[PDB]
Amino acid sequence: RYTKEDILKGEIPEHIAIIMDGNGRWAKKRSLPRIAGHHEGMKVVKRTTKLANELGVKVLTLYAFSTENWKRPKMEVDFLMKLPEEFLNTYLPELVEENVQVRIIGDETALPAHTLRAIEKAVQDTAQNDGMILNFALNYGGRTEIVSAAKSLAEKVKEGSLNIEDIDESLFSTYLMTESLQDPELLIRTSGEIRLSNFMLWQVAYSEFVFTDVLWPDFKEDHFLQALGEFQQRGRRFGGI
């Protein structure tokens, strides 16, 4: 019901985060192998990025799940681990031309060196763009990020360069992986589950959440627009805070 021009009339969240769920469920629905679902979810990243950039979004964070939901065979694990390189090989020149900055958060030590080297090159090749930030959360967990922040703070306290009385909320945010990013105003979760699943626990304290049953490989422009329309409608509610 919401057109793209309808959406552009209202407030565009500066930072949108999406939990990209449902790739496997989509493959099963389509009688396709699981790796076809993963490959397609990789392709929908490009279309979503383009639309968010065109709408003036400033940061798009995309979260991919790790292997921890359900153990998978080596063939599939290796396939997932090579997908970041295929994405960059296929789409990085367009990203460069669209003035996108590619960034990543999460445990980079979980990826193999060859893949890290390609990701780092893409980050460096786009770091002097000044347009939309495309922020991938890979092998990322909210609780371990919080613990890591606490441990780095404790190391500075141990070494004597930080006083405990100077640790407050604002300082703590600077020790998270998201330190150079404003908190997301909108979180979208596809595939029907109504859970956070250990994603940006600290940063989403005040975000609007929009849950959709649409599977991530089916999340086209019209569904993205409907999520924004819902975000916008909430800001218009009367009756007090």
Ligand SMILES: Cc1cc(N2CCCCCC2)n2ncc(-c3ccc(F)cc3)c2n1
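Numbering follows the first chain given and starts at 1. For the two forms, the rigid core is made up of the largest set of C-alpha atoms that agree within 1.5 Å on superposition. First, how it differs from the form solved in complex with this ligand.
After superposition on the rigid core, the single residue among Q182, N198, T174, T67 whose C-alpha moves by 2 Å or more between the two forms is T67.
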Given for the second form:
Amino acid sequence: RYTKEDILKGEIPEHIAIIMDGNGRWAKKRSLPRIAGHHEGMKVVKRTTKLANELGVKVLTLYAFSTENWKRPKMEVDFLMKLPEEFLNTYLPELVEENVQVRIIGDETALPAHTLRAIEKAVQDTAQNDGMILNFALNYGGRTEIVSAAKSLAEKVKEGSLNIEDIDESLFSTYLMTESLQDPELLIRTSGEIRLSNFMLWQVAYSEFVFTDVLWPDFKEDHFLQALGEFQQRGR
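The form solved in complex with this ligand is what I want next, because the block you gave corresponds to the form deposited without this ligand; please supply it.
Chain alone follows, minus partners and molecules.
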């Protein structure tokens, strides 16, 4: 068992990445509509964002909407696409006071313009902050990301701006959506699924993984600290 000051004892991952799964199953379990659970999960986002920022986490990356989530019922998809506005309308000033930097990774051209408009004002309103980086992964997939790196590098070779022999691992990393950000030392996934689901495939080559049966809406600060306690046990 762990509590907080025992966690500050040790290493705090500079970059944590979380697959926020299990919202539907949390609402189903309470005899609630699935959209209720998405809404509950929205609170745990900022509650987790605040705790990680006190601890000194420097990048928090949260998988909000997968490329494969487009296939869900249209009423749900449209509600999920309204959650960023609702989240920012509720928490953005708090995030400004907390020195947070809001950022987005994924293919944005596929979001409704009312969802994009709201996000981009968040990014600008927190641009000149230098605190913790809050990365929402929205319409994000690892294979797409890797292919678009290859296509970009290929296009520069085609134009003569890049020699093939200068393409190495580190150069490849800079054409990923994660840009120059450091790779996540710790990946957390809730809801009892033990898989990666096409999330950040390159970037978690060496990450530690922590899977929990806890559903995302139930993922309060002690579960989060316990996940950090696991991380500190991992060697080599």
